[PDB]
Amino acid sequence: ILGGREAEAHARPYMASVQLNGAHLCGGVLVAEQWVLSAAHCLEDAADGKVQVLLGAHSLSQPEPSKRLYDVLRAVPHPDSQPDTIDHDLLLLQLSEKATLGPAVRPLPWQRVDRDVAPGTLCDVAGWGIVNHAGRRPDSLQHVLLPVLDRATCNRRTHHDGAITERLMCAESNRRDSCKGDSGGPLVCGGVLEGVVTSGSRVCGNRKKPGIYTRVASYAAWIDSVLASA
């Protein structure tokens, strides 16, 4: 997260750290007791290593009573996802067991009504992604409120030139933005999950290259089907 600030500890109980061999790789969102939603590209160059999900965390390195690292029993990338493509970049991770719920661990309700979030709406993005262009990795969870950018503006030749489908949404990227290590994490509007961070053009903090977020509402049928297949 560039241009953000340290989040209040455990104020986002749905926030997950998807990890590879003990290291934070991507953000994730707890959407059900045993399921974490993330981005499919996160596990592309991982196939070998131990994939785990850290729940109830503020600090990545420090002990906290609510912190718990879970093993993943199965990884469900969206069937239409392709590598190094920004479309259908969703991943569902089944935990080893149902997560112990409490004030610091709680699933987030997600948008099921397939209608765009109004442009200008301030939405909260959180993550353990890089906090400056030099690549400084924060130990503690960061967040930033970003305004939603209309698809038309986002799709201009000067911006993402037609790449923003109806299944994607954009947020302003001027200084404040999501960056490397934030994909798979949440974009929350009025307490509801609206988007999942994707890597876009892999450029951060540049107003001409807005942040790209996968609209969860567009994938309601797939998420429901995966969550129902215990």
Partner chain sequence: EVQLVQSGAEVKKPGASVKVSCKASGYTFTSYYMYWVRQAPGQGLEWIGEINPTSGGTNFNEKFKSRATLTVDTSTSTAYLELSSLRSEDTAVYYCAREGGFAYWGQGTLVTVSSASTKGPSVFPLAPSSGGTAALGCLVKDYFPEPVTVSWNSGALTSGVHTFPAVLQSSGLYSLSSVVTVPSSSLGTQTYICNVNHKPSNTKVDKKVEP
Given for the second form:
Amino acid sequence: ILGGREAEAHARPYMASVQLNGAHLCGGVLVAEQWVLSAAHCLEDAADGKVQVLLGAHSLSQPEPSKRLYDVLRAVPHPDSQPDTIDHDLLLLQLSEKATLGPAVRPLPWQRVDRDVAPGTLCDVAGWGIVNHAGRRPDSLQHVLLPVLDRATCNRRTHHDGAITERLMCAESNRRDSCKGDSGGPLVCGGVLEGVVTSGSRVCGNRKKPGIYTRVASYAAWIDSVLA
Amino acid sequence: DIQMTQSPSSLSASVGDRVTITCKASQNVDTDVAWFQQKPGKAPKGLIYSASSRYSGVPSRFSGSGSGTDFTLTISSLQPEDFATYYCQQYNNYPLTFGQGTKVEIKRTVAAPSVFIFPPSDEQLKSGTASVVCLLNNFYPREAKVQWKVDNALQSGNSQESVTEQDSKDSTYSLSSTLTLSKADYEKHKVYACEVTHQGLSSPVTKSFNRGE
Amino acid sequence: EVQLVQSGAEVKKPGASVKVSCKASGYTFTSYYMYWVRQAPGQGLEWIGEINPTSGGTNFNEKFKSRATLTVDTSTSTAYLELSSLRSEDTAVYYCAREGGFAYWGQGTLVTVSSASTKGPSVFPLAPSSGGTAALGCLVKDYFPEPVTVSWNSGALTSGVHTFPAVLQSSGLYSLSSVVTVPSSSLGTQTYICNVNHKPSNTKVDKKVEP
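Same protein, the form deposited with the partner chain bound this time rather than the form deposited without the partner chain?
Full complex below, order starting with the chain above.
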């Protein structure tokens, strides 16, 4: 998270850390008692690495009574996601057992009404990804308020030259942005999950290249079909 | 605003040649540069975007380079379908700006023009206007100096010329220089001549006609 | 398939306003900006401006901000260009083009701003002088608007035919010339008549060339 600040510990009980071989790999959001939503590209190069989800965390390293590491029983990436694109970049992770809900572990409602967020809206994005232009990561969770940016602008050749579909959305990336390691994390407007970070292989903090986020409402049918 | 100074304006090349078209932005425009191809009477066709990326369906022989101020369009092996006008475009800053264009022409051997002087029709002289045409047929290169001299005197303004596109078969040019004067101004003189100055000519060929003959 | 279908050619008097339409199909119209370019006869390209379909927001080139208007009908996915208080300098080919993704452009709308009226041409001969090879033609003077179609011996003679591009006179009326080269032996033996047709004025003239 660029241009952000440290979050209030355990104020986002849906915040998940998708972990690979015990290291933070990607952001996530607990969308059901036994399911975690994240980005599909996180796992693209993961190979045989042990996939686990960290719930109830603020510090990746320090003891907290809420922190719990769950093994993943089954990883479901959106069937139409491929490494060559940013389309359908969603991944569902089934926990070994249902999570122990509490004031620091709670699932988050996701937007089901397929309507764009009004441009200029300040949405909250959190994560453990890069905090500075030097590519270094924080131990405890960061967050930043970003204004939504209209698709037409985001699609200008200066910016993402037509990559933003009706199924995706942008936020302004000037000085404040989502970086590598924030992918799969949540974009929140009106305390309802609106999007999922898909930063991938984009350099952050440059206003010329807005932040991209997958629209959860565009994949409502899919999410339920997996969660059934 | 940001100026795009395209160079050269015109370029003469053979089929199979490597060809370079340069563009100079008056300020850094990062890689927000595009290249278009335009054939006569047709809409521009997108070739390159992001200074180096090719649009889908654009042949591998087309390539773009540059970052900042100096940009280049390269045609590795020039094909017949590539003789057109190319334009660079800046999309970094408002207003979006274009280059003056580069016309790519087929290079051939020097061919001197076959000069013809035409007297004005009596049907036209029935009315107050008289038009004198000095035709230059099948020539190369384009650079031709058609100077009008009526009774050993230099004409200016009263003349208007037209040039055909490069010939699909023999790849030559033709020119129609029309000198217009009133029937009153026409009867005042007898000698009407044009002095063609072409590279393929040793000495400037003068084609004269007389009012009466 | 994606296509930008622009409106028909226009001929306008030098005081009026023109409204060029451009209907987009094959993609989400609202997902991209639409920009407009102008190309005067035998000239380069000029960026006019752009429109955000979602907001209706525009970005203009200062040159045009004054008389140009850019609108969008989202219900019909059509971008409009309104150029008002027209002058002869406004005579140009106007193109709408998508801003983002594959470089899609419309076929182009030709606007012709002239105080001139629909008129057929007058055909005059460029008579052969008479060596080894000689030239003969037709002077296709004073016509409006563009174009004029020229052929020889009713399509029988295509080799040596150099139909020059139209040129606009001080009168504000286009004047051509269609030359043809033939050997000096065929003069008097074979007859040469140039077919000149001006579709707008519904004029068809066939003039014979004699020395």
